[PDB]
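Here we start with a single chain on its own, the form deposited in one PDB entry, put down as C-alpha cells.
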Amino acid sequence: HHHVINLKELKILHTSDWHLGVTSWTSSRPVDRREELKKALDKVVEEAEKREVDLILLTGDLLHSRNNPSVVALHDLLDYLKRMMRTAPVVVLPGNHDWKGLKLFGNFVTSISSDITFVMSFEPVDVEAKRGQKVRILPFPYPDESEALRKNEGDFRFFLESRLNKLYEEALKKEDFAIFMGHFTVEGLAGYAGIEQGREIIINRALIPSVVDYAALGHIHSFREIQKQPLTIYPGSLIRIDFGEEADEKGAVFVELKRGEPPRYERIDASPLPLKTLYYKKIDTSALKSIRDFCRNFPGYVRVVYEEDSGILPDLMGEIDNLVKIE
C-alpha cells in the first residue's frame, strides 16, 4: 500500500461467483470450463491494473465445489488472489463452503498479509485501500445450517434482521468509506431461477443499511443493479455455467466513490461464450440440417430439446462437438 494522503475517492473492482473448477454437463458431454474462465479472469485482472483500482472486493462462490475442490481449482484461486493482491488490497467474503478449516486459513492469511483480508463473520473490519483510504467493511456472510436447523422460520428472520441493524449502527461510526458485503439472495429478484437443491437465505433489499457507500453482493449468477441508495450490485458470474443463463449479463463492475457525491460504476463484460437451447417439435431430417448448420457457426454450446419421439437418434453428439446436451 502507498500512504498517499487520505483522499475522497475510492476506485473499486468488484467481482464474484467465479465457480473455479466447474465442468459443465458432466453426464452428457463434460466440458471443462477452465480455459474460458481463466480468459475472463485475466480480462478482469488486466482491467483493474489499467484502471488503477484502490480496492478489490470478492463476494463468494469463487470455487464451484463446496466439498472437495480439485487441486487445479484451488491452485487457480490462490494464483488469481496473488495477482490481485499485487494490484490493490483484496477483501474476500467467501460463500457457503463446507470445511471449517477455511476460517482458520482465512484468519491466518489475514494476519500475515496487509494486502488481503478474509471477512468470515458478521463483525466489521476496517481496512486501508491502495491510496490510504480508510474503509469499514460491513460483512454479512451465510449464517449456518445449524441455526437454520432450528427449523423455526420466525426467529431465524429475527436473527438476520438484528445482524443487519448492528451493521447499520457500525456503519455510522465509519471514517472515510463504509462498504457492505453480503452473500445472499435478495427478496423478489426479477427473474430468479430458484433453489439449486439447497436452503437459501432471503433478505429484503430495504434492510440493507442505507448509510453505506456501496453494497457488494454475491451468489447470483447474473448482473443485477438492485438499487441506487445504497448502490447495490450483483456482478454476476464470469461464464454461463448452465442453460438458463443464456440471457444473463456476465462480468465484473468498476465502482468509483466520492464523498458527498453519487457513485458511478461501469460494467466489465467478460465476453462469455453463448448458450443456446434449440426447441424442435420432432427431430426429422429437416430439423437435423437446422441442428448441424447452427452449431457449425455457433461459437458457444448448444442444447437440443424435443418431445416427439424420433426413433433412435443418429450420433449427433459424437458428430457435433459443441452440442453438449439433448433432453
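Residue numbers count along the first chain shown, from 1. C-alpha atoms forming the largest set that superposes within 1.5 Å between two forms make up the rigid core. What changes on going to the form deposited in another entry:
- For the residue set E147, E225, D98, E187, core-aligned C-alpha shifts between these two forms reach 2 angstroms or more at a single site, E147.
- Comparing the forms between these two forms, the C-alpha position of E196 differs by 2 angstroms or more, with the core used for superposition.
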Second form
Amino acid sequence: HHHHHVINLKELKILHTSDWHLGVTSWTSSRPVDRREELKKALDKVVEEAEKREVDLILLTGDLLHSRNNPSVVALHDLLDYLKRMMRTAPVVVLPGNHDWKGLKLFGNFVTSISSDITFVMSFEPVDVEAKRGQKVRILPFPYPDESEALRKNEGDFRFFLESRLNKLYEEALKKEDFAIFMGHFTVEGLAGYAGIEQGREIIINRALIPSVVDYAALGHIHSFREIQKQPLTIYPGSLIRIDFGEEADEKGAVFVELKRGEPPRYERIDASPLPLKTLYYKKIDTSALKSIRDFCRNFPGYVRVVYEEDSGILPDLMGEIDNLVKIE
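Now show me the form deposited in another entry; what you just gave was the form deposited in one PDB entry.
No partner chains or extra molecules come along with it, only the chain itself.
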C-alpha cells in the first residue's frame, strides 16, 4: 500500500507533532513517575486523529526521546512503534533533535533509502518528498548544527553561519514545485515567557529569518504550543505531557495544518488532554497547611508539588498518604 496520485491536487493536510520525550521518568530525586502510560495515551490520541482526518504528511521535529544518551530499550521500542503507526497513516518526515548517538545519521540514511514512507532530515540540505496523495513537498530543514555550534569560538561567525544557512534555504524554497515546508529544531528569539533553561548551549534564531516563502514552518524543541507568526505560519506544537513543574499553564498536543494554493494556511490544535500539574505554596507546614494539602491532592487528577519557606519540623509521611504528591521542596 503506497501513495495515491491525484491530478491537480492543490491541497495538503499535515499532522505536525514534536517533543514527545519518550522514556522520561519524572521527579526521580523525590518520587519517580514513569510517564509512559500517559504519554502513550496522548500519542494514541494523536495517531487516531491523524487517521481520522486522513492527513497527507506527518512532520516530527525532534526531542522524540527524553535521554540525549542511549535511550532505554523500551523508549526506543516505543519510538519505532509509533514511527511505524504513523508511516501506516501517511508519509513521515523526521527532523531529530540534538541526540548524541553518532549512528543516528546512518540509521536515518538507511531507512530513508529503503522506504518511500519515511524521510530523515539531518542536515541543511533540502529534500523533495511525496505526500500521501502525490503532492510534491520541498522540505527545508534546519537541525541543531553538527557541533559547528561547538566548533565555533566566535558568536558573530556562528550567527552569520546560521543566517547563511537560512538564506540558502530561502533560495531553495523558491525552487519549489507544489509546497515548501520549513522544519527547524531551535529556540526562537525573545519567546514570551520562556524559562530559557537558564540558557546556555541553545540555538537562538530570530523568527523574521525563517524563510517567508515557505507554506508552513514546523518547529520543535519548545515544550509549549506557540503560534510564532502567521506569515509564514510558524508553530511549535508543544510536548504531549507536562514534563515538569513550570509547565502547568502550557498547552500540550499536536497541530493539524491545511495548506491550499492561493489561500492562507489554516490549522487546528489537537489537544493531548495532559494530566495537570500544581505547585502549592505555603509559608509554613502547619495544621492549616496540612489539611489544605490533603484536601487539594485528594480531588486533583494530576501531580502536585509543595513548596514552603520556613522550617516546620519533621513532616508526617505526606507522600505515603498522598499518591499524587510527587515533590516537597
